[PDB]
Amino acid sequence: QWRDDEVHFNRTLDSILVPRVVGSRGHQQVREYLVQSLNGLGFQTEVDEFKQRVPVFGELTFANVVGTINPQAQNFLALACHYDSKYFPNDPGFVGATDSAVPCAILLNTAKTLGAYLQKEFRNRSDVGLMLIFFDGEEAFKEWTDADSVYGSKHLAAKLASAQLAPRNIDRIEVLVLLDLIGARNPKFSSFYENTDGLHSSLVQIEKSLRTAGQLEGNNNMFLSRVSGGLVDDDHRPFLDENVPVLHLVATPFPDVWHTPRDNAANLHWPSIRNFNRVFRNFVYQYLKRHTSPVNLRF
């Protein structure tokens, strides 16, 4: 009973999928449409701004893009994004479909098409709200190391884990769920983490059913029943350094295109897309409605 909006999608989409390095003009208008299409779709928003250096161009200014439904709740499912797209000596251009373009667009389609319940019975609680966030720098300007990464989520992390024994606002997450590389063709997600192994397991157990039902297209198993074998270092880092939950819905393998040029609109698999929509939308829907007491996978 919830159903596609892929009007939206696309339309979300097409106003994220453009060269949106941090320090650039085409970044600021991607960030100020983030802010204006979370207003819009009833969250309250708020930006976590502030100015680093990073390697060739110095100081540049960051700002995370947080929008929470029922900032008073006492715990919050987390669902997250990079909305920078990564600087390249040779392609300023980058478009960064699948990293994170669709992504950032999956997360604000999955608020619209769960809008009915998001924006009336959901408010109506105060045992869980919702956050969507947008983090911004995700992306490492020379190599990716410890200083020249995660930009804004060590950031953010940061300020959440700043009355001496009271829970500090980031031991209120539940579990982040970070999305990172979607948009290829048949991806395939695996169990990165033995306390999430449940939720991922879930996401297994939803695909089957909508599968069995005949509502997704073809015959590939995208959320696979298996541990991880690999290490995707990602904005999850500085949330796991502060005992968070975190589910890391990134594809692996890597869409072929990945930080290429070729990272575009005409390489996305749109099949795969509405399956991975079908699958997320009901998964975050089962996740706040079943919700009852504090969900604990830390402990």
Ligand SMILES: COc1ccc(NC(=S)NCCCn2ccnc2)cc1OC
Given for the second form:
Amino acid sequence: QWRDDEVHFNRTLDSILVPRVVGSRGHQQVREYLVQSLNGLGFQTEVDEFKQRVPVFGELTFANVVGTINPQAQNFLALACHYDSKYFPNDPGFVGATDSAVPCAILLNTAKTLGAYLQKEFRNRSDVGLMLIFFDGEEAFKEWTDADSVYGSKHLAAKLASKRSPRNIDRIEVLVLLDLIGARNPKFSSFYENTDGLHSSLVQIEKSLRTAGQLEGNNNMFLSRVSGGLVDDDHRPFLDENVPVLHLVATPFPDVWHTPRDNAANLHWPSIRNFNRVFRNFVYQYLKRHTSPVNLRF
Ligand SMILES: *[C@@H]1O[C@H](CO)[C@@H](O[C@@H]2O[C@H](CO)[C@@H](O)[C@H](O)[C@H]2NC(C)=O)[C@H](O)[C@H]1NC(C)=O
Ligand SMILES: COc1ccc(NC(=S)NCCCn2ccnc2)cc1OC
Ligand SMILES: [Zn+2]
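May I ask for the structure of the form deposited with this ligand bound now, the form deposited without this ligand having been displayed?
Full assembly next; the chain just shown is listed first.
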């Protein structure tokens, strides 16, 4: 029943798909664009801004952007991406199309396509709300290590853990983190036993949409298997606080990952479209079905 809005998606992606290393002009423009976009989609918007010294550049100002609908709800579904792009000395024009402009565009477009629900009937409840989290400073400035990585996520997890209104971080039922989406024929495996039921939901929704003739082409992206390895990402500081994670990161990685080829020209629209159809229904169904607190901390 939920229709595509590809005009919105495209125009959103165009607005984000600019060089946006933390501290750059493009990063500032994207931050402002995210905040404006969230406000216009009906979210209560907050920015978690902070300074931190990193390799190469010294002190930089980071800002996570968080939008919430039903901020006084008991629990939250949280959907996330990173909005910074990776600094490359020899590639100042790097735009990280899959990493993670498309992921961020997907979250905003999910909010757009379900707007008739999110901005109306969904507001009339106290059991669940929706959080969209745009992490800053996911990328290493010199070399990915536990230290040089995920600066925004580290800060936001600490912030959410340090507040009570139970701890704010504890009201997050699951962190659904989208990364490395946009390439052709992506494959998503379940990383964690505790969110396998949610993964199974994605699989079932994709099967159902295919049977209804609603998917483009012949690939299925949601695999019914547990992945044998893990991908380090923005959810690490949330694991550290026992938050359940559904990690929607394609493996294998896009061919273009961390190369000058991670651009608009190498995106695969039919895959993006299929992702959006499954994902928007997954989010709607999670919210629609919710009654009691979902407790996947096991
Ligand atoms: C959203 O953007 C994509 C990418 O530019 C558009 O897909 C292109 O559409 C034109 C017209 O059909 C084709 O000639 C190109 O081959 C497509 N390019 C790619 C990379 O797929 C799509 O049309 C846009 N959607 C809307 C609604 O404007
Ligand atoms: C080249 O293929 C891979 C390379 C590395 C890893 N493993 C990890 S733990 N990477 C951390 C990625 C952090 N990140 C996310 C977005 N931008 C940076 C897995 C790969 O294939 C499964
Ligand atoms: Zn990256």
